[PDB]
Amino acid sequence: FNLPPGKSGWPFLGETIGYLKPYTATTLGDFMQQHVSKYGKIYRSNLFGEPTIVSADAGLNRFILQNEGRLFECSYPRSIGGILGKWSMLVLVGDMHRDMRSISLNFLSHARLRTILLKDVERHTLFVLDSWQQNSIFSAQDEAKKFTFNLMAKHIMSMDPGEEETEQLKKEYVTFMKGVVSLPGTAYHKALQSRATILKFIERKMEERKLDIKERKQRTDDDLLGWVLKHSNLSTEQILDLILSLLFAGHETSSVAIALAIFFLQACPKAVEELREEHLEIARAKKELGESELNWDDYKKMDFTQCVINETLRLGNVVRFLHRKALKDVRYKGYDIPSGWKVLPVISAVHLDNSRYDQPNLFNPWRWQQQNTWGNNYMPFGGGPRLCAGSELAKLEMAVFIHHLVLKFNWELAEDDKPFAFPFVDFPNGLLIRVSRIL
C-alpha cells in the first residue's frame, strides 16, 4: 500500500491558497512546478476542503478521463457545485448527464454546424470587427468577450447583439459570475440574486417559445431553447440549468481562446503573414465566384489556421485542470488512490512537457505540420465520456474570427500584458491594442 507523497497544509483550507495563487498562464505556476519537482507527477494534497491526488502525469490523466462513470466521476467542491444549478450539465453524472450530453451533441451536430451555426459565427464576427475604428485603442479581451457572449446568446435563445435585453443579460451574467470566484459578503448574495433574475428571464423566453411551438411556427428549434422543447422531455428547471450552463461553458472558454490568439499572433508576425496568404487566397476565390458569405468548404481550406488554433490552446491552456473523485480504490503506477478522494487531472501539464514537445514555452504553430491532436500529448478539450461537446464549434469560432481579423487589420500591443491563470485565464491590463485598417 503506497499513498502518493505530499503535504496537508492548513486546517480546513489545506494548500488551497497556494494552489490558487495566480501564475503566468503559459506555465504551470510556482506551486505546481515545485510540487512536481519535489514529489513527482503524482502527489497528494488537501485542496478545496478534501484530501486530493494531483496528477501531472499524462498517462494517468487519460486513464482518469476514459474511466469516467466506472472508476472516477466529476465532482466539484461543495461551494462551486451548485452555482450553475442542480441540473447543470457540467456537474451532473449518470443517466441524466448522458441525456444532457446527447442533447448537446445533437444540437451541435456537424450538419447544424455547417449551415445554421456557421452563418451566425460569421455575422457576429463582422458585428464586432466592423465597429473597430482606425488608430483606436481598446481592450481586445473585452472585444473577444463581446464576440463570444453575443454569439452564445444567439445560439441558445436567438437573441440579437447590441439589443437592450442582450446588453442587460451581460451585466446580470457578470454579477452572477462574481459568485463563482468567491463571509459570502455583498458580492455573493448579489450573485444569487442575479442568478434568480437570469433564471426568470430564461423561463420568460421559454414560455414565449412554447407558444411559437404550439402555433406550429417554422424553424422553432434553431436555438438551444427551442431544440430541447421539441426534441427532449426535460422539465422546466432542467431546461433553465442547461441553458445557463451552456452559456457559461461556451462563453468563458471561447473568449479566452480568441484573446490568447490575438496575443500570441502580435508576437509572431511570420505566422500572421502565412495566415494572410492562406486567407487572401480563400477571399480571392470567393470574389471570382461572386460569393459573399463563408461556407464549410472555405473553412476546410484553413489548414494553417488550424495550426494556430492548436498552438493557442496548447500554450495558453484555457482549462488548467478538472475536478474528479475516485469511485473506488484504484492502483496506478504503484500508487494507491483511496475511494472518495478528490482527483485533479492537470490536463495542461503535458502541453508544457519537455519530452512531449520541442521547446514547449515557444508559440510555434508549425510544429503541427508534424504533430497530431490524437493521443496523450493534447487534451485542452478534456477526454473520455465528458470530452468537450463544443470543441468543433470552438475551432470554428476561432477560425472565422481570425480569417476576418488578419484580412482587415494590423494590430500591436498598446500596453504591456501577459496572460495569468486565476485559474481562469485573464489579461490583467485588458490586452489593450492599437489597430489600423489594411490598404
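Positions refer to the first chain, counted from 1. Only the largest set of C-alpha atoms that superpose within 1.5 Å between the two forms is called the rigid core. What changes on going to the form deposited in another entry:
- Annotation: the position in 201, 264, 188, 76 displaced by at least 2 Å at CA between these two forms, with the core superposed, corresponds to 188.
- Once the rigid core is used as the reference frame, the Cα position of residue 137 differs between these two forms by 2 Å or more.
- Here residue 398 does not count as shifted, since its C-alpha moves by less than 2 Å between these two forms after the core is aligned.
- After superposition on the rigid core, displacement of the C-alpha of residue 389 between these two forms stays below 2 Å.
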The other form holds:
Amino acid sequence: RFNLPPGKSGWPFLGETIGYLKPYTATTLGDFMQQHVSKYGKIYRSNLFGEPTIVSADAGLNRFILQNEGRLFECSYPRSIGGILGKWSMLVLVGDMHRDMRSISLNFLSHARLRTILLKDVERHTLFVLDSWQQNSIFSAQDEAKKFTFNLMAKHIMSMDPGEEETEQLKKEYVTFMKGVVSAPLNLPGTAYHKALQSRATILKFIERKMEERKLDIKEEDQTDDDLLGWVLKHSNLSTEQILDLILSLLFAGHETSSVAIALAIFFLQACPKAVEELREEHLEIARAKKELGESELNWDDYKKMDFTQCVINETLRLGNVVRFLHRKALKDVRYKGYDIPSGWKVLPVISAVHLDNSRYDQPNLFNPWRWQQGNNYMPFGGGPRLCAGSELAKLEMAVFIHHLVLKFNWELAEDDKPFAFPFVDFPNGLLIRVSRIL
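Give me the form deposited in another entry now, not the form deposited in one PDB entry.
If you are looking for partners or other molecules, they are not here, because only the chain is given.
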C-alpha cells in the first residue's frame, strides 16, 4: 500500500464530484463556480477532468448543447471513467449500441410497467424501510433512502430480495465502487480508485453468477423475463460483456440519484412546515378514500391524486439540483454568443443554472412548492436525446416514499446547524435526522 504525500482528494479544482450531488464528499464545486462566473461571466474556459473545458452557466447555450447531441456535441466522460463503468456502459457510450441500450432501458422503465408492476413494489420497498425506523435515534436519511432505492432496483434487475444477506453485501460493494467516479483516477494500492476497481471485479463476478442461474431458468421454463437480467437474455442480442456492463450501470444509476432526491425532499420539508401540512392533508385524503373502499395497496389512481406532492417534487429537484452539470465534447467548432468552442474540447453544461435564474423564477433561492400551482426553464433530468430514462420511476419513488413518510413520522435535523446556503446543497454527513412516530 502506497503512502502518498498528502494533498487534495478527488478531481483537480472540484474535489470529489463528477457533476452530481454525492453525499459524504469533499467538494469545492460551489466556490469554483461562483468565483469563475463572477470573474469571467456565464461562459468561461478552464481545465477540468484533465482537458481544456468550456463551462456553461448559460441557459440558452445549455439548451443548444443538449438539443444538438450527435451533431455538434456528444456525451464524453474522462477516459478513466471507462475503467470504472466499463467499455459498454450506456452512460458513457455513443453510437448504435447506446441507442439499443437506451431502447432496452426505456422498455424496462416504461409508463406501462410503472402502472402495472413497479408501483406495487415501490410501496412494498418503501414500507420495508420505514417499518424498521426507530424514534429519537440519530440516523442518515441518505443511507435509508439508498436502502430503499437500491432494494427496489436490485429486485427488478436481478430478482434479489430486500434484507437478504446477498442484497446487503452487494449494496455495500456498490459504495466502494461508486466512490471511484469522484476519486482521483490513481490506480495504486490503497487509493479509493484502486478499491473501486476491485469492487468492480467483485460486482461483475456476482452478476455473471446470476446470469448463469438465469440462463438455466430460461431453459427450464422453456420446457422468466420478469427481471431485467432475464428480459435482456431473452429479448436482446447483447454479448455477455455488454449485459454485464448494462446491469452494473443501471443498478448504479437506479439508486444513486433518486436516493439523493429523497434526502433533499426530507431536508427542504423540515424547513417548510406549511408544505408538510399540505402534504399530510393530501395523503390523509388519499388514505381515507382507500379505507372507504377497503383497499390497502396504492394504485395508479392514487398516484394521480398526489397533486401537491408533484409540486414538492418539482421544487425539490429545481432547488436541490441533484445533477449540477453534464459531460459533453464538441464534435465541431461551434460559435455561440460570439464565443468559439473549439472542436474536441470538453463542454460542461451546468444544467442547474437555469433553475436558479431570477429571470426565470421569482425568488429562485427559496423553497416554494406553491410556485408550481402557478419544461423550458426546468431540466433536472436533462434534455434532448439522452433525457433520463428513469425520470418517471424517480418521481414515483419520491412520491410514494413521501406518502408513507408524512403519514407515519415527523422528523427533524440532528442539529439545527443546516441552513440552505445557495448555491449548492451538500450532505457531507449523509443528512442526519431523528424521527417521531405520529401514532
